[PDB]
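The form deposited without S-hydroperoxycysteine is given below as one chain in structure tokens.
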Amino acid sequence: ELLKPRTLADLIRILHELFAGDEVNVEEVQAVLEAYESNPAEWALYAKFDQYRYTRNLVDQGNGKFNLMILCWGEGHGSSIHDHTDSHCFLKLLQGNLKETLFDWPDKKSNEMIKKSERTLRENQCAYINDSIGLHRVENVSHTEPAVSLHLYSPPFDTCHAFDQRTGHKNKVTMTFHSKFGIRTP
């Protein structure tokens, strides 16, 4: 029985129920994430920005089944084209807008990675991606509005690959958390 999360804490409790087992009902997780109405007071603790690039702020470790984090994107901040390390990845906008550009997996031959499509994710919308679907880049293209997004990855992962748009070549990157449970972790 999927009920509307009343608060971020309620959403976290519901997610612990949806990940109690070994598999993931993607549509139900996406539905509950989308149904939570962003309330800035509830996540202010995690909204720690950096002037130079987006930050990753861990909110919950999902009893080992998933990492729930909040990403804070300053104006013009964006990610690399990347994969998701054989994990499910849900992205819900809490504030602002983000541009998501989708790319297919490159072939072994060096070549320009041409985008398949792009879309604007708006406040409260939840997107989903996994390696079977493809790769993506996420960017806050706004010149005046910082963006904040809520991400859930299952299983949790600490590394992924960044892809060079000019060649398709990839390199392993290790993800680092700017804060954990509201505490800056330098």
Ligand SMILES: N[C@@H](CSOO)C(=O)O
The other form holds:
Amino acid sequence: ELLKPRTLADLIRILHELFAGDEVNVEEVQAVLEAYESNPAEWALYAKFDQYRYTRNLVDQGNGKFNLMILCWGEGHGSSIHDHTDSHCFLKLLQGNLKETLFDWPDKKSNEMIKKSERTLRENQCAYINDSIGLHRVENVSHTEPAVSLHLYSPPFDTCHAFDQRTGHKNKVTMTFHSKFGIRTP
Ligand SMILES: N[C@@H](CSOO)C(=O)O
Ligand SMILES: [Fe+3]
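Okay, that one was the form deposited without S-hydroperoxycysteine. Can I see the form deposited with S-hydroperoxycysteine bound too?
In what comes next, the whole complex appears, and the chain from above leads the way.
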């Protein structure tokens, strides 16, 4: 039975229930994430920005089944074209807007990676990606408004690949956390 999360804390409790087993009902997880109405007071602790690039701030470790984190995107900050290491990845906007550009997995032959589609993700909306859907880039294209998003990955992963848009060549990258549970983790 899926109920509306009343607060971020309630959302976390609900997620622990939805991930108690060995599989993931993607549509139910997406629905509960969408239903949580972003309340900035509840997540201010995690919203730690860096001047030069987007930051990843761990909120909950999901008793091992998932990581829930808040990403903070300065004006003009974006990601690489990347995969998600055989994990489910949910993205919900808490503040601002992000542009998501989708790409196909490259062929082994070196070639320009052409965009398959793009969309604008708006406040409170929840998107989903996995490697079977494709690769993506996420960017805050705003010149005036920082963006904040809530991300859930299951299983957790701390490495992925970044893809060179001009060739499709990939490189392994290790992901780091700017903070964990509200504490800066240099
Ligand atoms: N996967 C990127 C953010 S775009 O993914 O919903 C990251 O976790 O840093
Ligand atoms: Fe991503």
